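Starting from the known structure of chain A, arrange chains C and B with the ligands on it as the hints suggest.
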Amino acid sequence: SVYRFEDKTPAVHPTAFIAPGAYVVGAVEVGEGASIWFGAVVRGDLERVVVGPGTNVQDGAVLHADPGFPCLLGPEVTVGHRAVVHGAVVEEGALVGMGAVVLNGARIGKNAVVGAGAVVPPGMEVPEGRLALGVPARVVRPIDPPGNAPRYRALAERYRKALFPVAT
Amino acid sequence: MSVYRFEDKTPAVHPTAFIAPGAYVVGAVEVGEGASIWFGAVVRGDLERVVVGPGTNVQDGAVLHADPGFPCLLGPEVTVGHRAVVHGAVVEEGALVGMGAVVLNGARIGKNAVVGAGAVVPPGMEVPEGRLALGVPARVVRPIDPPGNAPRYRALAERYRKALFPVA
Amino acid sequence: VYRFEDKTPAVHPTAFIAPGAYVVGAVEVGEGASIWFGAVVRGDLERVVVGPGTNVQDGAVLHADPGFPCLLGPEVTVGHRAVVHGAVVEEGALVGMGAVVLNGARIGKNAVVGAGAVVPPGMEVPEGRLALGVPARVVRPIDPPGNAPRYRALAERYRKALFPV
Ligand SMILES: [Zn+2]
Ligand SMILES: [Zn+2]
Ligand SMILES: [Zn+2]
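Chains as they are written, first to last, in the authors' numbering: chain A, 2 to 169; chain C, 1 to 168; chain B, 3 to 167.
The set of hints was computed from the structure by calculation and includes no laboratory data.
Possibly wrong hints are sitting among the right ones.
Within a straight-line C-alpha distance of at most 35 Å, the following computed DSBU-like cross-link-like pairs (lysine-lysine) qualify [said to hold, decoys possible]:
1) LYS9(A) x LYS162(B)
2) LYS162(C) x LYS111(C)
3) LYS162(C) x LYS9(B)
4) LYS9(B) x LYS111(B)
5) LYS9(C) x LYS111(C)
6) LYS162(B) x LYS111(B)
7) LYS111(C) x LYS162(A)
8) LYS9(A) x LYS162(A)
9) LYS9(C) x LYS162(C)
Same shape as in the complex, but just chain A:
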């Protein structure tokens, strides 16, 4: 569930969805309508992590932060399956593609897209409305704004209404 490390307690909005098997630990803030999915890990100890309103952190993703590099997810952000966002700033409407890695100090602009499996080097800026892909990542072109966040606001509310464990 939700874990207090020493005296650091996650602050989770009651409309947020924390899936079974997800771990929210320590200095973490999870906003209204946010969702953290199965097997995801959100840990804030040496530095804080913010999951803005309506931001979804999909299955197997990992959020963490280093001193001086807080992990700040803006509102209506999507962190795809198995992505790692570490000490970076992701602004409103952006998408971190599934399997991608965003490193410390990187900055994902509004409605920007980090391609699947791309590795964003430390400090790199992804401008607003642009697609960055590759290993290492590189700004390629303008890209249409992702629509994953409204999908996951609604999918999360359905999960909050009808999720039941069943034994076999």
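Just chains C and B with the ligands, lined up with the frame of chain A:
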């Protein structure tokens, strides 16, 4: 070992399948006979169905999900390597998705084909039967011998169902 | 912690094993080591060794194939969501987050595998060197990473004061 019902979608898991501790099979999922879903793996079907074929192993930390119009359909004797992501794609009989790889919506992995470890298979890419695809992004490179992971995991799963116990 | 047949993990009392981590089978976990949330350390057909003071971070995966033991040396860091498979990682080294290290590969002393890099089977990363790319390429000498001392201290803090809310 438990499984998760989303709305009216309960996973249909064959009795000979092995579902490991820490694995999360959610919603519209079929898990075939002799299949195995290993520790920390997530197989989630809600927006669209997901099928784990018979004798198919979904290894540790792997993530399966499907998008509208893109079912995630794993054929028989398929291997999804450690920490891979197969999203809304078709994987034909005997193929291998290398560990850490990502396979995106609409991709098709031909029979006995191999996705290289860490490779990212773009949406809609077709990997022909018996071929090898690797790189970021993935490219079909050469013909490769059929992998033999699925038989070994059928047997390893059977050993786990008989002698896996929690300790202190 | 899970036993597989006759294979029981041997975990030192000072090691931190976070909730949601899965240590399975023929696994050694040394003094002052830590296995964090969602990580999977599985040893069945071959042995895995997590050396003293070595941290296996969140969602990382360790496994081994016959003849390829996964041997993590002391003071080693396996970053978030990394995969180290049947490889040898020497003292002080760093496997960057999201990276993949495959069978028979050797990560030299204080070497660094960059984040998301894929070290092919059998490849050697020499001591004090950085490897990047997919596949991996030895790029330049790098200063010793300092993650292992920080995580030794963080793990002892987590062993003492971690409670579900
Ligand atoms: Zn970290
Ligand atoms: Zn998805
Ligand atoms: Zn393996």
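A quick look at each hint next to the structure:
no.: 1; hint: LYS9(A) x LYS162(B); verdict: holds (13 Å)
no.: 2; hint: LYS162(C) x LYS111(C); verdict: holds (31 Å)
no.: 3; hint: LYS162(C) x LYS9(B); verdict: holds (13 Å)
no.: 4; hint: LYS9(B) x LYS111(B); verdict: holds (30 Å)
no.: 5; hint: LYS9(C) x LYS111(C); verdict: holds (29 Å)
no.: 6; hint: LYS162(B) x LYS111(B); verdict: holds (31 Å)
no.: 7; hint: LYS111(C) x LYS162(A); verdict: violated (40 Å)
no.: 8; hint: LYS9(A) x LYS162(A); verdict: holds (29 Å)
no.: 9; hint: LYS9(C) x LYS162(C); verdict: holds (29 Å)
Against the hints set out earlier in the document, a violation occurs for number 7 only.
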